[PDB]
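Below: the structure, in structure tokens.
Only a part of the assembly is drawn; its chains keep their places, and the rest are absent.
Per-chain residue numbering starts at 1, and chain names A and B are given in the order in which the chains are listed.
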């Protein structure tokens, strides 16, 4: 239910962290 | 020890040039006749609570007895799933990796295709009988002795096969010995189909898969031998005897008509071979399963160096029995034509589940999720952390995530009584997954659990690089080496130096320890950004993990409930608060500026201080310092934590206190109460009762009522522990 949206947001934040991660390089 | 066969009466031939393939012994033109005779003369089989017995009314035999039906159990069918549920079910005998078995040879044996093993049972409690299946050949008595198994592949790496039936933990040994020659695949199939199907109504035993089977089986009749090994009776004589005898000396013999067969207590096969044939499905299932686990090892990514651990992690509590085939057929054949020694008058194991490794894996998953969600979001408070965490640890999510390992194909999920929906299956996957990651956490390092859970979480391999490689804490990020340079001009760290000396812990980054003592009152500061409401979360997590591991290792006989109880009395609020107060973390707390005149803190606040300190300890150090800390301030005082615990019941308190005792191998029992004295008139009555835990008496009480007397005895047993 809500957990799906929560996990989705988590995936989005992980994508942001990854984008920044490779941006550092 | 050398193995030998009887002479070949022109049936078999050991000629070097007359061999076909990698065969050693070839059947001549005299075996075909015997096989046709055996097939035509012994092939007459295929020629011809109230509602349960009512549904069995069609072609009854004798008594109520219990006959077997192809596909159905004692009560209705043994299957109520679906159509595609066959290829994804393990009870339907569908193992991942098992293909089509290439047919060996028509008659001639296969030394270069069949790997031989000898099957015995230890200890032999239900083996030796007064009336064994003995056949006589060349003026010598040949006695039955277990079975010979021929596999189509080497076992290489397979653990011991243990199974409990007659209240005894039996061990089915399969020792690779020398192969008894003078046999034929067609003959072995003849005997197998004549015994495992005709005499013993053992259907639903897929050794093929809906063509040669998976394992061949040859009867063993030994005559023994001095100054050497022994002599094995050839197969042709087995067929000849089984054919010639199918035509108190009749005592303990199995007879068949056209039910299937019965054991006469008041064919030339007795209650010897039959009993020894009911252990074969177990072993075959075991071998096949451990052979299909090799395809699990590639899905996990981690290869277990202990097959028993992986199996036990995959075992499901739905298995009331450890037998291979259908339990109905097994018990029925065991009671109708099994072994039964002469009578003069003529407690289940819960530690064999994966609930242990599930109990561990809960703390494992909790810890991984907590740590990763903690380090990867240094700006997010406790709310979002707990939100994400609860969103991940969810059983449905863990099940769907468990499907990525195809755990539904390797699980040992058995068919229930009647109700068996998708809920039970998916939930089983969810728990079994935690069992798995728990086992991986146990044998393999914690980093292996991190890699497993991390790889299983995000499908995109670009997201895993972030989850697995979480950055250091912001308070460690700013200062590469340490904060010892900052102590010189520090206002609070001066106080915390005493706290460092009293515990002997020399913190690297003191900002973490300073954060752990920063209550929810203050907001942000130079020394510390935010409060320890995150380290309360992480702290709770690591505490639960370490405690879980300790109780799992040092109490291997306690089931899930016992470990849960002991942990609930080991790491609760009042306990860690008591420890926090004992260490004196009250004075080193950080709140307001100067408004806090007295050092009066709530119990829960002290608990939060302990948890936060443990979290900060883990961050600044590792899990070893945490384990040590809880090994000096929690674990050995377990018993104590139950003595000064809140009261509720002297019986329960004494039970939980005795639950700490040095358990050997048998599951921990509960305190037994034996009444000693029942005196007094009809009005009053003085009961004297003594407590007996596992034999030895602990305390004795004397009360006006039985319950009050045994409670007094329990109290006396609790005072003795002081």
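By definition in this document, a residue touches a chain if its C-beta (ideal position, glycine included) is under 8 Å from a C-beta of that chain, and two chains touch if they have at least 3 such contacts.
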*Would you mind giving the copy number of each chain kind in the full assembly?*
A x2, B x1
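Assume only the chains that are shown with their structure count from here on.
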*Provide the C-alpha centroid distance between chain A and chain B, rounded to the nearest whole angstrom.*
37
_Complex contact set, residues of chain A against chain B_ = 2-3, 6-7, 10-11, 13-15, 17-18, 21
*Within their complex, state which residues of chain B touch chain A.*
376-377, 387-388, 390-392, 394, 396-397, 458, 462-463, 465-467
